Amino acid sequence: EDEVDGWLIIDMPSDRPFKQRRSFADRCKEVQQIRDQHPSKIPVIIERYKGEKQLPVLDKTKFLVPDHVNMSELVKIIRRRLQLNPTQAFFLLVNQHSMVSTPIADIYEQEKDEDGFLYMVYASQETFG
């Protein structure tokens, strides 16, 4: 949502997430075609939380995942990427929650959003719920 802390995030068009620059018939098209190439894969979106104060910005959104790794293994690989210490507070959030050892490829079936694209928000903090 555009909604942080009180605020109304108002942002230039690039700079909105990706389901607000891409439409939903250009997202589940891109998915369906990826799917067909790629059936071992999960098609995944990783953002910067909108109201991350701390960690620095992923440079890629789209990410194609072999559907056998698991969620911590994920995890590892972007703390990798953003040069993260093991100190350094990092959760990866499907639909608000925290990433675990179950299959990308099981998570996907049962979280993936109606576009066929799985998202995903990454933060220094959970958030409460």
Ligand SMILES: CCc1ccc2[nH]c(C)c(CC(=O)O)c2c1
Contents of the next structure:
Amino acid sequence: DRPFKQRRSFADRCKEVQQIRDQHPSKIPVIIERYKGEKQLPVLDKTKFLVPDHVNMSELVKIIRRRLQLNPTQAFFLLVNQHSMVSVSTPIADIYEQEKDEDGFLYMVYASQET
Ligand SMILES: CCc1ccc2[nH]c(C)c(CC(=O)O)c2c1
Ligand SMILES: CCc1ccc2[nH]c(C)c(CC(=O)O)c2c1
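Switch over from the form deposited without the ligand to the form deposited with the ligand bound, please.
First the chain shown before, then all remaining chains and molecules of the complex.
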């Protein structure tokens, strides 16, 4: 229920990113959460994803949409720091350094609006 940062301390989140660097070096550590004020979209089964570093952001948008099992009419947006990723056909590795959190995770939010 509670957001990831309310379930793990800063030090623990950093240690998890370090573990992922050692055990899955070619993956980007990603946290994907439903927007707090979201009414239309369901909650994802899981929140922590290890994304192969060559995957395009625009492809991740399509993957998460499929995982939510929506109907074709439902609006869906996947945002990194409030930037919609739908047309970002750039590898996740290339945005990781600039957009990552201080803990080393890359945080994303999904919603039925882009504000
Ligand atoms: C949503 C996470 C994600 C996104 C894109 C991906 N493309 C491939 C080949 C994998 C395999 C894997 O899970 O390592 C993968 C995982
Ligand atoms: C997360 C910041 C960021 C990183 C890479 C990006 N590449 C493109 C085309 C955009 C604009 C957009 O969001 O449409 C963008 C934004």
